[PDB]
Structures are given as structure tokens and as C-alpha cells.
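One chain is shown next in C-alpha cells, namely the form deposited without adenosine-5'-triphosphate (ATP).
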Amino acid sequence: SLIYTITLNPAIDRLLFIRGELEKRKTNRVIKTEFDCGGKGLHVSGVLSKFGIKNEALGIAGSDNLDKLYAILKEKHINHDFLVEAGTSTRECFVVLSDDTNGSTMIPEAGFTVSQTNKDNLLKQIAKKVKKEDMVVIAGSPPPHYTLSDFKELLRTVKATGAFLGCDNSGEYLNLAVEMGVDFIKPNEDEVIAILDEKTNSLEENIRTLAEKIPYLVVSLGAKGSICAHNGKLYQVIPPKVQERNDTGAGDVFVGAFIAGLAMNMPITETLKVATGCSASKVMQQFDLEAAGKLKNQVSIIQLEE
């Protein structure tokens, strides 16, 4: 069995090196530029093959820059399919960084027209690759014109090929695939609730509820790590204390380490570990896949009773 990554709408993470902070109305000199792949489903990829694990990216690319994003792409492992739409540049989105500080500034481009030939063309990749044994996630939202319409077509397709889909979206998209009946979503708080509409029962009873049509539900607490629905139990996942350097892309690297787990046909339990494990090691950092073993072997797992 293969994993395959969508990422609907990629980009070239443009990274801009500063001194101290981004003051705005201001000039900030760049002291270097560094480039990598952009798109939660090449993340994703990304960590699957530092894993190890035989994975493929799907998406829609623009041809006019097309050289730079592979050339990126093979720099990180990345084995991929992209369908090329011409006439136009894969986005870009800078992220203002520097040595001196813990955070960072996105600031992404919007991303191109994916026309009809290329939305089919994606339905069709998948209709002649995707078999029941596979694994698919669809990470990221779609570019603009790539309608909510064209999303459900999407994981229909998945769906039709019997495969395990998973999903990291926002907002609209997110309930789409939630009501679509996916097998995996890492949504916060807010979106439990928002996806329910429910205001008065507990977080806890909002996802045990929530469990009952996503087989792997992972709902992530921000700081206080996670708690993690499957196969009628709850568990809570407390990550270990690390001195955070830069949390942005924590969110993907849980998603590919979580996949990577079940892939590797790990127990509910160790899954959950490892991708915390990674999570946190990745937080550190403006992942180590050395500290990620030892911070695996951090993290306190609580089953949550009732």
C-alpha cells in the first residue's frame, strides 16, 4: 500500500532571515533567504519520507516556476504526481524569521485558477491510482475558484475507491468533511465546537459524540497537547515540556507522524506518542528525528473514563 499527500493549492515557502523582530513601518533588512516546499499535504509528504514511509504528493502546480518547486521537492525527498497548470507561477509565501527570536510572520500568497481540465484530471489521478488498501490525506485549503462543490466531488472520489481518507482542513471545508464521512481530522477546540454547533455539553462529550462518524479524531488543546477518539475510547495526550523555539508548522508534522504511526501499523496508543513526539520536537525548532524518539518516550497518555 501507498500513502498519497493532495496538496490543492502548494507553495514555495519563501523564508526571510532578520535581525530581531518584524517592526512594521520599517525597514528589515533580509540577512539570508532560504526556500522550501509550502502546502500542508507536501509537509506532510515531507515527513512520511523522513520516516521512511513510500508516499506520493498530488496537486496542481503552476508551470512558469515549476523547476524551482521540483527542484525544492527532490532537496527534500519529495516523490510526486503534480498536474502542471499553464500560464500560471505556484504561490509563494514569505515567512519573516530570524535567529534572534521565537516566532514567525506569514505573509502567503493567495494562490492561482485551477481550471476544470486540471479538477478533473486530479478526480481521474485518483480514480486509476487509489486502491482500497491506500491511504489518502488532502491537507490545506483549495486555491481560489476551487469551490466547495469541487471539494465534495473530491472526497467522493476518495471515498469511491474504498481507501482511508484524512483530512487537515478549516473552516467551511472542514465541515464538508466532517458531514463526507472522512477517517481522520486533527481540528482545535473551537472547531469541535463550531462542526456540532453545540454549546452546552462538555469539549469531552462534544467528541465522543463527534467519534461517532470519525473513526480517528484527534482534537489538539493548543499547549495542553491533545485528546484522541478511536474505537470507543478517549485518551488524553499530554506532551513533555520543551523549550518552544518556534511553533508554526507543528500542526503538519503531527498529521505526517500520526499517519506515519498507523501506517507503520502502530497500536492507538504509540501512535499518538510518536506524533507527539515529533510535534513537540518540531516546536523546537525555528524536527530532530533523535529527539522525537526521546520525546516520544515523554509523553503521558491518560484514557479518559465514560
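What we label the rigid core is the largest C-alpha set whose atoms superpose within 1.5 Å from one form to the other. Positions refer to the first chain, counted from 1. First, how it differs from the form deposited with adenosine-5'-triphosphate (ATP) bound.
Superposing the two forms on their core leaves just one of 106, 193, 160, 84 with a Cα displacement of at least 2 Å between the two forms, namely 193.
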Second form
2 protein chains.
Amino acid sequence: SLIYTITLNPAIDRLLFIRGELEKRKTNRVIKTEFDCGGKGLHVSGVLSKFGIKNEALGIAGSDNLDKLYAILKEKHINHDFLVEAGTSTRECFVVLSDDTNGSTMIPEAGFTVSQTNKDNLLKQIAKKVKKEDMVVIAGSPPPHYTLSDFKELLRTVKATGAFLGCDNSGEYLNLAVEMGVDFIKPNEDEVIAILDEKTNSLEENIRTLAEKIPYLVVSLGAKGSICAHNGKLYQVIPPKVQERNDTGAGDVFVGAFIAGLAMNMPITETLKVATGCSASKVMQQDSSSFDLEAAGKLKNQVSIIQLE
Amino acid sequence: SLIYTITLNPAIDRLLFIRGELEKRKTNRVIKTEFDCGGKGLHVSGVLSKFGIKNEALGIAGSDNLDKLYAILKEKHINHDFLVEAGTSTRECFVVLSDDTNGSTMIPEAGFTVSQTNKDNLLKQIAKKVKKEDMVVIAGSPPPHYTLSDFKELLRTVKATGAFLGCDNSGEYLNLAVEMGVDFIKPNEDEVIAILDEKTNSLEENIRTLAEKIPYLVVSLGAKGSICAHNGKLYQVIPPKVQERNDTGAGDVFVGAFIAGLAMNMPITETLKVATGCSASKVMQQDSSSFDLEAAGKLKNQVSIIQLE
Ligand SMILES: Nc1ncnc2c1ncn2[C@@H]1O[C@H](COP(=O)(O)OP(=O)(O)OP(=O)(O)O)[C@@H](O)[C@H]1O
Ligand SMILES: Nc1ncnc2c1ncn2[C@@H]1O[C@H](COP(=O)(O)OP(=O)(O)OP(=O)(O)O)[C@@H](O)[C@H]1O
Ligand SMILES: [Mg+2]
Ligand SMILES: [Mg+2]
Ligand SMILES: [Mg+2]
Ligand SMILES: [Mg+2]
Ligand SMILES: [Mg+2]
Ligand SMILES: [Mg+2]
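Could you present the same protein in the form deposited with adenosine-5'-triphosphate (ATP) bound, rather than the form deposited without adenosine-5'-triphosphate (ATP) shown above?
Below is the whole assembly, all chains and molecules, this chain first.
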């Protein structure tokens, strides 16, 4: 078995380190530049690779800066089998941060237009690659012009393989995944609104209702932790208090760690502790994806989990 | 004869267009991306090329993204003969702007370390290329580790050719150029402080004193225009009022136009009107280098020049 991530809109993140705050209408000299991979699915692959668990990244990348993207992926130990879009470049996301502050300003390019041929190639690739014993994680919003209809086809193609399907998406894409029937979703506190019943005020009740259609339902609540519904049980997960530096990417780390736990057949409570420990470590870091495996293994032991009756 | 520009720290400018103001600690989606050349000397070359006047750009560029830089230069009709630094990349300067606002936030990378071999190659190149009937314009601060001593050697090498030498530099580099003896400098209102005599309060008097050592002295004053000293005369140059959008690069356009005027043997007052007209047109534009040759030719006719007795 293996875990596949699907990144429909990959990116190359260029971290621009400056001194102090980012002042608009002013000159902000860059002290140093670092690179990381962009696209939620790739971040999830990076997390899985840190665990050493077998995984492969799928998606559509631009031909013009393919060597650069691949070089970054090798630095992250991410194995891949990307489809390539000729005459285009994988988008670049500029992330401005400082060793003096906690924030991060993100300036992302939108992404390119995927050809129908490549949309079709991805489906054929999934059909021949993915087996029922595998796990597939789709994360991140589709690139421009990759319609709801296209996403529906993608979800259906994955469902036909019998593989476990997890989706960390938002808006209409998240709504569709839930309607279609997926195994796992992790909307954060704001994203979950898209699938909430307006006439049902209680968040717990809404979660218990949605749990009827989703095997592993996680609603993440930032520093408050998360609430997870599984096998008719509801868990309130609380992380230990950590010194936050940058909570960007905390969700991607949570998803990667959660999936890793499931892949290793860890009981749901342990999987939740591992995911929470890893994401807590992430928030302690400057960038938007890194985390300390050492700190996480300890933090996992300081996560409280209480079943809500 | 020909005009040579020297850009010791070239760059590739990536213009990132967003909606509204650049909000720090927030996500600022890029609507579109455009490219331009960076490095003051290259901007001056771009201006000269718009005039159709013969010119060639010199300097040291990185090998790793040379094709990209050259592609941009061809788009600007800039002829060049750059030295190349192996294993390095020409720095990228990120410029965030919007069709909704007037500002521009600049996030520039510092530049690479030039090898002694290339510092020496530039001097040998200048010695064999430049003739006494030529004009040489050095603009922009040197890259990291390109010392005052290195700059002194550069200025001396240019002086030995007999060519006209113009310098649009600041700080210690500007001070050195003046001490060394150059034909033209254009410090703006803030930069001129570096060469002012603290015990001499009057700006006019300071300019008249410095004019003893500089044939063509221009102190630019932004929207107020400029003051130029030449052949024992002092000129107050006032531009027509224009709707400012982005005054970044107004100085580079002024320098390119001023040099073009001198190359065409235009009387000093006409040269000043042309430079002022072009820079006024530049300030009306969004980016940091473009200007309308059509608007400038008209604006030039609405520039007032009064001799200060
Ligand atoms: N300040 C914090 N302290 C401890 N843990 C945190 C903090 N912020 C986030 N986390 C952990 O990370 C998980 C990821 O969470 P959040 O709900 O912010 O995800 P998200 O907003 O989707 O993330 P992303 O930025 O990747 O989209 C949380 O449920 C939590 O366990
Ligand atoms: N608001 C304006 N209206 C009309 N003309 C202007 C305006 N701002 C600048 N200029 C013109 O452009 C010339 C270039 O000027 P300024 O003194 O700002 O240069 P600078 O700050 O060195 O430029 P740069 O941004 O290239 O470094 C001015 O002397 C003036 O003639
Ligand atoms: Mg994405
Ligand atoms: Mg969050
Ligand atoms: Mg998220
Ligand atoms: Mg420069
Ligand atoms: Mg100015
Ligand atoms: Mg200037």
C-alpha cells in the first residue's frame, strides 16, 4: 500500500527574510532567500516523508521551471510522478518574514490553466496507479479554470479505485467532497461554515450530524485544538500551550500526521495526539511547513483528549 | 562614439500586481506578473534605447538565470556585453503594486559576490572598449563586497580612457566620484547631503562651490524640479504639474534623457527641458521605469528654466 497526494495547483515558495515588519510603500531589503515547495498536497507529502512513510506526489506542474521544482522536492525527500503542462511555469508564492517578528505576509501567484489533455491524463494516471489498499489525499484549491465539474470527475475517479480518500479543501470543493462521499475532511473553524446547517446552531450537533456521512471528521480550531468524530464517538482534542511563531501550515502538518497515523493503524486517539503534537511543533517554527519531529514526539504526550458524551 | 552604462549590481524586477493596498500578515493574491530589468545602469540603457541613441550595457550578471535576464534586455532593446559570474544568479527585486493605488513596495535581494577575476575583467574590458569620444555612465550602488577601493579602481580606469564620465551614486561612492573628478552627477535632495559642506548653510552656495569640481552638476528636487550648475551658470528647472502615480525611477529617466541630450549636442537648457519632460512622464506611470516618449516631447515644452543670478 502507499499514500498518494494530489496537488492540482503546485507552487514554488520563495521565503524572503527581511528585518522587522514589512512596511508598504517602503524598501524592504532581503537578508536572505530560501525555497520550499508550495501547494497543500506537496506540504502533506513533505510531512509524510519526514515520518519515512511511503508516499508519492501527483499533480500538474509547469515545464519551464520543472528542474527547480524537482530540486526542491528532492531536498524535501518527496517522490513524485507529476504530469507536465508545456509552455507554462509552476506558480511562485512569495512569503515575506523576519527573524525579528512572528508574522508572515503571503503574496501568491494564481497558477496556470491546465489543458484538458492533462486533466484527462491525471484521471487515467490515478486509475492505473491507485489500488484499493492505498490512501489518497487531495489538498488545496484547484488552479484557475479547473471547474467544479472537473473536481467531481477527479473525486469520482478516486472513489472508483476503492482507496481511502481524504480531502482538505474549502468552499464549494469541500461541499462537493462531502456530498460525493469521502473518508476524511479537516475544515478549520472558518471553512467548516460551508458545510454547516444554518438552522442548527450547535457546533457539536452539526459535527455529529455531518459525522453520519464522513468516517473521519476533524474540525480544527487553531490554538484550541480540534474536535474529531469517528465511529459514533466525539473527541475534544486540546494541545499543550506552545510559544506560537507562525501558525501557517499547522493544518497541513496536522493532515500529514493524521494520515500517517491511520496508515500505521494507530487507534484514533493516538492518531489525534500525534497530529496535534506535530502541528503544535509547526506553530513554533518561523516558516510555513517545517516542524521538529523530536519536539512533536514529546508534545504528543502532553495532548489531552476527552470524549464528549 | 557610443554611450556605455555600467551596472555593477544588475537585477531582474518582478512586478507583482495585487488588488488595493499591500496588507502585511495577510494574503495578497497576485493578479498578474510582469518583468523588467533591474539595476540603475540598465534602466539608463533602457531610456537611451527608447531614444534610439547607440548604447551598450556593461556589468556583471549571474550565470544561472542569464537567459531570463537577456530575454528581458531584448524586450527593452538593450544591447549588452556583460561579464558572467559562474554559479550565481542575478538578484531579483520584487515590486508590489496595484492598478488601484499609487504606491509601490520594493523587496530587493542584495546581489552576489563578484569574483576578483571578474572585477579585473571589467577593468580590462573598459580599457579595450571605451574611447575618449565615448560617454560612460555608472549608476547604482555596488554589490556586496565590491569595496570603495574597487570602485576607485573602476573610476580611475574609466578616467584613463578620456571618456565623459557620469555617476549617479550615493554615500561614500558619490563622495569618491566627486573627489576623483567626474563630469556629471545627479544627487537627489537627500543624497546631496553626503557632499555638502555642513558649515555652508545655503544650498545654492554649496552647489556653486561644488560646481568648481563638476562640469555638469544636477541636484534633483523631486516635484520641485532641479537646480543645474554648468559653465558658471546656475539654472532653476521647474516641471509642469502632472498627476503623480509612481515617482520611482524618475531619476533614472532624468539621467538617461540628460545624457541623451548631451550626446546630441543639445544646449544645456534644452537638455534640461528634455530630461525634465521625460522624468515628468515617468512619474505619471505605474511601474518604476517606463515613460511615454509622446507625452514627454510635449511636457518638455512646458518646463520653465530660469537662470539664478
Ligand atoms: N497556537 C497553536 N498552539 C498549539 N497548536 C496549534 C496552534 N495553532 C494551530 N495548532 C494545531 O494545528 C492544527 C492545525 O490547525 P488550524 O485550525 O489553524 O488549521 P488551518 O487553519 O487549516 O491550517 P493551514 O494554515 O495549514 O491552512 C490545530 O487543530 C492545532 O492542533
Ligand atoms: N512629482 C513630480 N512631478 C514632476 N516631475 C517630477 C516629480 N518627481 C520627480 N520628477 C522629475 O524627475 C527628476 C528625477 O527626480 P528625484 O529627485 O525624485 O530623483 P531620484 O529620487 O534620484 O530618482 P530615482 O527614484 O530614480 O532614484 C526630478 O528632478 C523631476 O524633474
Ligand atoms: Mg494549494
Ligand atoms: Mg489556521
Ligand atoms: Mg487548512
Ligand atoms: Mg542598482
Ligand atoms: Mg525621488
Ligand atoms: Mg536616484
